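Only one chain is included here, represented as structure tokens and corresponding to the form deposited without its partner chain.
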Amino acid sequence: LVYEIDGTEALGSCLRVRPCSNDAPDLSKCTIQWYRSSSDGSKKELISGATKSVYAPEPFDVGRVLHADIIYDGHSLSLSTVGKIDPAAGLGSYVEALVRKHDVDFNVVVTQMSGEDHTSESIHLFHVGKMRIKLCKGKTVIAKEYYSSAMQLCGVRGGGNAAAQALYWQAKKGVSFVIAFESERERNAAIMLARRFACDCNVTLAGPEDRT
């Protein structure tokens, strides 16, 4: 019809809703929501906060069909990916190597703090450890939090084009960050590693409203 989903359907890539015609309303005037098919494929699960024309798959999306619903000028259109999101080749093996290191860190740039733009490009270290995550700038700790049921961590949902390289981390209520990695692979490794370490602490770490 009037819009379509475009993009490589793989972890590491970005998907976007794009107009098929110049007569299609501007995306800024549209209301968009993304969903993932459930694990048993029976229904679609709203990806909370994924309300932009751009959505970058994250690890929970692998093996799932993704969907975008759009309301435009009093009409509606339901779209989906051609198929299931492909995994990132070799990523599983990399994560296994990272597990053996105990605490690993990643160079990151902080782009948001508790919902507010953070313009500084200063490189931070994002530490993903057996029991805690911490974010540091040089010698100073910005945030440190042990895995907890309150914590959230997922691929970013509201900031496309950079999106495939960034994650959202809510350390605790009112304390959150959007953090950008040097590559998509590094971003996804950090998400998977944090989730593995959290799981070993009997914590199920996910994005807001995720079905696990």
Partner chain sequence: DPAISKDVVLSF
Given for the second form:
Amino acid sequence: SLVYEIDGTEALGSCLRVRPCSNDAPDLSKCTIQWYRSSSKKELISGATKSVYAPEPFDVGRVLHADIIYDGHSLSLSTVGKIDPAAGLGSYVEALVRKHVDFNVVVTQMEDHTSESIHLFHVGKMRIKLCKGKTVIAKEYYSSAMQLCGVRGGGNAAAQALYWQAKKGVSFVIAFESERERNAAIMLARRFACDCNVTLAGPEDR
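The form deposited with its partner chain bound, contrasted with the form deposited without its partner chain above:
This part shows the chain on its own.
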């Protein structure tokens, strides 16, 4: 008997979680979970396979859904309404878009990586670069090989982390000081990429 519901604040900046609603609902770790966003179709969010999903900028104004599957039974869930905007985000991105801009970050994957070393994540008009002091870690011009999106798993920092695949086989997970910086960096990168005729999105995004 599959009975679950999506809980959490339905706005950019928070996390949503599937929660059990009955005593005999199997544990979610034994289920297969897949998150989707409405387009009247639903589009799969690739890699969003955990019981927690943090919305990112593409999710704003969309209903989110989770399918949960166990042993041939399935249940399709939806948020109460569309994911709301983050207050002030548009205006902040508009101020950043005039500039040719960097963010303090921590790198949490390149394999796991626990460092308190602050790196700088430069989102430029034509390229992104990741630096630790004077050492450049990776530097790439916007292209079809690059992906950039909100991270698709759990953890307390998911709403403030993004995934960047610089080019095939080279990817990072990066965490910002706040949700607002994380989201502004995704929106800004995407806008600069679109000016360069590149559609910068996460793996399999539509």
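If you superpose the two forms and keep the largest set of C-alpha atoms that fall within 1.5 Å, you have the rigid core. Numbering follows the first chain given and starts at 1.
- Core-superposed comparison between the two forms: the C-alpha position of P59 differs by less than 2 Å.
- In the core-superposed comparison between the two forms, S21 has its Cα shifted by at least 2 Å.
- Core-superposed comparison between the two forms: CA of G49 displaced by less than 2 Å.
- Taking the core as the reference frame, the CA atom of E9 shifts 0.4 angstrom between the two forms.
- CA movement of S78 between the two forms equals 1.1 Å, with the two forms superposed on the rigid core.
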